[PDB]
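Participant: When you get a sec, could you build the whole thing from the sequences and use the hints?
There are 4 protein chains.
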Amino acid sequence: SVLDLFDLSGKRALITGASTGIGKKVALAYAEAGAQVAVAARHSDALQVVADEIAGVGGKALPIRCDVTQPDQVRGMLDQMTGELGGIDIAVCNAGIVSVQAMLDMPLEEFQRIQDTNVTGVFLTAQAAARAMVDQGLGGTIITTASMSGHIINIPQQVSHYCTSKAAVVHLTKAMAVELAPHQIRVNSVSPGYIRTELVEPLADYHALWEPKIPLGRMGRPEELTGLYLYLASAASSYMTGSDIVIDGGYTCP
Amino acid sequence: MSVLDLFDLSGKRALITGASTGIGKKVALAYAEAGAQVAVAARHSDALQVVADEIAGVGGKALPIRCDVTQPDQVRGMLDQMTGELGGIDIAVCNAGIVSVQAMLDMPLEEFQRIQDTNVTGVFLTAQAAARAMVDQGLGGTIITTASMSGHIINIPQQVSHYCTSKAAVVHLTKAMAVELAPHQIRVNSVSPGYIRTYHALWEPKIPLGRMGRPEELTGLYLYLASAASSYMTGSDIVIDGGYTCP
Amino acid sequence: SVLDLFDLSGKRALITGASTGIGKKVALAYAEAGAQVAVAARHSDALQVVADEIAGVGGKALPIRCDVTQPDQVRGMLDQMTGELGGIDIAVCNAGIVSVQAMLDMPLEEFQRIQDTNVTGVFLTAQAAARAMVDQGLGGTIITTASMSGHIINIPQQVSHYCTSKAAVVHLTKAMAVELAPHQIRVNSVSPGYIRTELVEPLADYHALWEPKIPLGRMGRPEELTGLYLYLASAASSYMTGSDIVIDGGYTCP
Amino acid sequence: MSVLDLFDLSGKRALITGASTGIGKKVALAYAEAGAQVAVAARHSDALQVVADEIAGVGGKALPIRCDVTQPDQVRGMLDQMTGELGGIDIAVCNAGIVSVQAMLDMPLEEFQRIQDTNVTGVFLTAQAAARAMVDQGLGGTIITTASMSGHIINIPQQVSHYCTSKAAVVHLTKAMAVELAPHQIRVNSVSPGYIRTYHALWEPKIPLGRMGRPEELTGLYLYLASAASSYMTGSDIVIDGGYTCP
Ligand SMILES: [Mg+2]
Ligand SMILES: [Mg+2]
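Top line first, the protein sequences correspond to chains A, B, A' and B'. A prime marks a further copy of an entry chain. Going by the authors' numbering, the first sequence wraps up at 255, each residue one higher than the last. The second sequence lines up with residues 1 to 198, 207 to 255 when you count with the authors' numbering. Going by the authors' numbering, the third sequence wraps up at 255, each residue one higher than the last. The fourth sequence lines up with residues 1 to 198, 207 to 255 when you count with the authors' numbering.
Treat the hints loosely; a few may be bogus.
So the derived list for chain A', only partly shown, Cβ under 10 Å to chain B, looks like this [what the hints assert, rightly or not]:
#1 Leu-109
#2 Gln-128
#3 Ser-166
#4 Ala-178
Label-pair distances were calculated between CB atoms; the ranges are [claimed, not checked]:
#5 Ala-103(B') - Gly-138(B): 54 to 64 Å
#6 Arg-219(B') - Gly-138(B): 51 to 61 Å
#7 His-44(B') - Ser-10(A'): 34 to 44 Å
#8 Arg-132(B') - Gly-87(A): 48 to 58 Å
Because the hints were derived from the structure by calculation, they are not lab data. The C-beta atom is built at its ideal place from N, Cα and C for all residues, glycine as well.
Facilitator: Set out below in structure tokens:
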């Protein structure tokens with residue numbers, strides 16, 4: 002049946018930025034769908050909660066310390082995963098950051114800091130995952146967390162560096178899809194709207210200004226992303242590669 | 001409560017136009033496998049026997065409805081039948097579409113108009129009728145349109161300028177409806193398939217995954233859009249094309 | 002010099018919807034640039050003002066009655082132009098209409114009325130112009146007036162039928178560009194934002210609601226479109242075909 | 001007052017980075033032909049002699065400025081020189097860009113970063129510095145970035161994933177800046193060229217117009233964006249690609 006297309010039994014999934022928000026919910030979802038899940042975060046202490054919730058559904062998570070901006074750590078992450086799980090079938094390149102700062106006042110260091118995690122971290126993770134998948138010869142699926150910020154410019158908060166980085170992620174996704182298609186490795190991006198998670202908690206002062214801009218009238222919940230990440234990680238999405246998928250309560254329409 | 005439960009359509013009532021063949025037929029069957037009661041519509045009622053039998057085969061009973069989606073009175077009648085027989089509507093898939101090949105330079109107006117009428121106007125009438133019934137129910141709902149990668153790129157070598165025009169129109173109509181229906185919690189989204197084996209040797213080299221897709225490769229996505237799994241998504245277009253639109 | 006790329010001396014231009022707003026300003030601009038201009042409108046009486054302003058710069062306009070929804074009239078328009086001017090080098094498919102109406106309440110007749118002028122009228126005009134250009138063997142340029150409504154959904158006024166029609170125009174433009182490229186006939190669309198013209202005068206109640214949504218802080222003037230239509234009509238745009246060009250004061254960015 | 005007057009750059013002061021060859025060089029010359037005083041910047045000052053001589057040839061005097069656009073202190077110095085010598089800045093073209101060919105799978109991080117640094121970070125620093133000076137002047141202004149059709153599609157067969165990434169970034173950075181600078185009446189727009197003859209036999213069949221473009225075919229558009237002709241346009245990307253992105 003159509004339902005069995007969503008089964009992840011026998012699959013090995015890596016999720017970066019897995020300690021909170023979207024990554025956390027997605028890790029739990031994948032375990033619920035039968036996957037062996039490796040969870041990565043800048044500080045492995047932060048992975049306790051997700052690893053416990055994963056145990057809670059009868060799986061065992063593999064926690065991995067990784068700063069996705071650092072090639073040596075990304076290398077160590079994939080080696081830890083292939084070493085302990087035997088390989089990798091699914092990679093969610095999800096670690097991301099934001100700050101608020103007028104473009105005219107923005108130090109280069111701050112511009113670059115957002116590029117390094119948001120674009121370079123995705124590139125390093127996806128490349129490492131893709132290399133492992135090519136070697137296996139079994140195809141695979143890679144998902145990147147972009148943002149509606151890769152399509153539109155958020156207002157009133159000034160986040161030009163964030164917008165730049167997420168447009169980069171959207172198009173890097175397609176570039177990798179084209180190159181990896183001969184290997185039957187699919188690459189797609191998810192572009193969430195405003196989701197009530199830790200990423201946006203510091204921007205609570207803006208929430209009430211964002212809500213009237215969202216046709217569905219509310220910020221999303223991170224649990225509302227699991228169905229889509231499951232879709233992309235599973236056989237249900239076998240014909241989809243190089244796609245971006247907006248999930249934003251209608252925000253990008255007006 | 002787990003992610004897989006978000007995809008359950010038990011107790012939901014779905015309408016699919018153009019349900020007799022291809023994508024519509026696979027989606028009808030998938031919705032029945034997921035627990036939905038399914039109304040299947042086509043211009044020729046006898047053509048609906050195959051899908052109705054397949055739905056019987058997974059233990060559903062389909063409601064076959066004859067409808068020309070270009071005709072406002074027949075569309076109204078389709079919704080009346082479905083509301084009357086099933087009690088209402090939670091999901092509509094506005095899928096009926098047509099195509100022909102003709103150089104723009106030589107294209108008669110009748111032919112240009114014929115493709116707009118089914119592909120754009122039929123989607124408009126169907127979504128409108130479904131949205132009206134959903135508004136009256138007060139329970140929200142989900143509407144899905146079948147557009148095409150032809151709404152984003154121009155197919156070659158075949159000349160289908162009218163089809164491409166009609167599919168971009170559907171993509172944007174979908175967004176226009178999503179915006180107006182959001183206050184009613186009725187979500188509206190489009191699917192844009194690439195080449196689906198419902207010329208072949210010329211198309212394949214252009215597709216990064218190296219093959220046309222199978223209509224069964226659309227069922228996961230149409231199920232995603234019809235179910236609670238997609239609760240935060242509205243006004244989105246989703247391309248599913250083997251990578252065709254990337255280069 | 003770069004300036005001579007914009008010269009229309011010796012060129013024959015047809016502009017539909019030429020009695021007011023954008024079409025009127027564009028007709029005057031093309032005459033100022035040296036073109037022989039045929040101006041079309043549903044009622045030829047309405048072309049008096051534009052024909053006079055064209056005389057005002059030392060040209061003579063060819064006024065043509067044409068309902069662009071009617072094949073016989075479109076046929077008559079091109080025949081009148083080729084007959085009197087010898088041919089056609091530039092075609093601006095500009096006639097367009099709008100009404101405001103909730104989608105849920107919209108009669109099919111009203112939906113269709115907007116499609117017929119906005120999409121079908123463009124198709125008929127562009128096809129007729131393109132056929133004449135193919136026969137000439139000299140290449141040519143075709144410009145369509147789309148709208149930012151082909152990219153975004155206007156709020157708060159309900160104009161779903163208008164949005165549908167302009168997305169259609171945007172993509173029809175590209176479809177024609179692909180087919181006409183072997184003939185060296187370029188086809189491009191202009192997608193204006195809110196421009197203070199006759200088209201939007203009935204929607205004056207909305208103006209004050211639109212303005213805060215436009216980053217430049219104001220509606221455009223029809224004179225602010227002439228440079229772009231000149232660009233597309235002239236040799237300055239020799240390498241551009243199948244492009245859409247948004248000119249909207251920043252509206253589509255947020 | 002006529003449409004042609006909208007394109008006059010007399011009395012305007014323009015900065016062009018990457019001005020020593022290709023698009024930047026043609027645009028510099030075109031801006032001088034249109035009456036602008038033109039500062040031309042490149043990483044190697046001797047490379048600017050050709051353009052400076054061509055500008056002399058139409059009766060302009062170019063201001064050559066050595067600048068590595070990746071370096072915030074040199075960018076600041078470039079703007080200081082231009083303000084100091086010309087009195088200010090009305091037009092900035094952030095044009096300097098680079099490319100290499102390398103499979104994503106094998107791409108060293110240094111190489112990925114190298115292309116981002118010039119193509120994205122160099123555009124950011126240049127536009128930022130120009131915008132700061134324009135804000136201080138209080139007279140508005142116009143900023144133009146050179147992106148690429150590589151920001152919309154993925155080139156094949158050559159593997160340039162880093163370049164494609166950098167050009168999508170530039171397209172969106174341009175919009176982000178347009179939004180923030182609109183209150184200052186500083187417009188910001190991007191140009192996305194296709195294949196410009198500044207592999208050939210593989211690319212040509214993919215281009216509907218059947219040829220690569222010439223850099224002189226960009227001058228009209230860069231003049232459009234730099235002059236009063238484009239007064240209502242900001243946050244726009246303009247593709248100029250012989251039709252490449254349509255199929
Ligand atoms: Mg918007
Ligand atoms: Mg393409």
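Participant: Would you mind marking each hint as holding or not holding in the structure?
Facilitator: Right, here's what the structure says about each hint:
The beta carbon of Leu-109(A') comes within 5 Å of a beta carbon in chain B, closer than 10 Å, and the hint placing it at the interface holds. A distance limit of 10 Å between C-beta atoms decides the matter here; for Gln-128(A') the minimum to chain B is near 6 Å, and the interface restraint holds. Using the Cβ-Cβ criterion of 10 Å, the hint placing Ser-166(A') at the interface with chain B is satisfied: the shortest such distance is roughly 7 Å. Taking 10 Å as the C-beta cut-off, the interface hint given for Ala-178(A') holds, the closest approach to chain B being about 8 Å.
Distance hint check: the CB atoms of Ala-103(B') and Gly-138(B) are about 56 Å apart, consistent with the given range 54 to 64 Å. Between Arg-219(B') and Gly-138(B) the CB atoms are about 60 Å apart, so this pair conforms to the stated range of 51 to 61 Å. Checked against the hint of 34 to 44 Å, the C-beta distance between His-44(B') and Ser-10(A') comes to roughly 42 Å, which is consistent with it. A hinted range of 48 to 58 Å for the beta carbons of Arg-132(B') and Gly-87(A) is consistent with their spacing of about 54 Å.
The structure agrees with every numbered hint stated previously.
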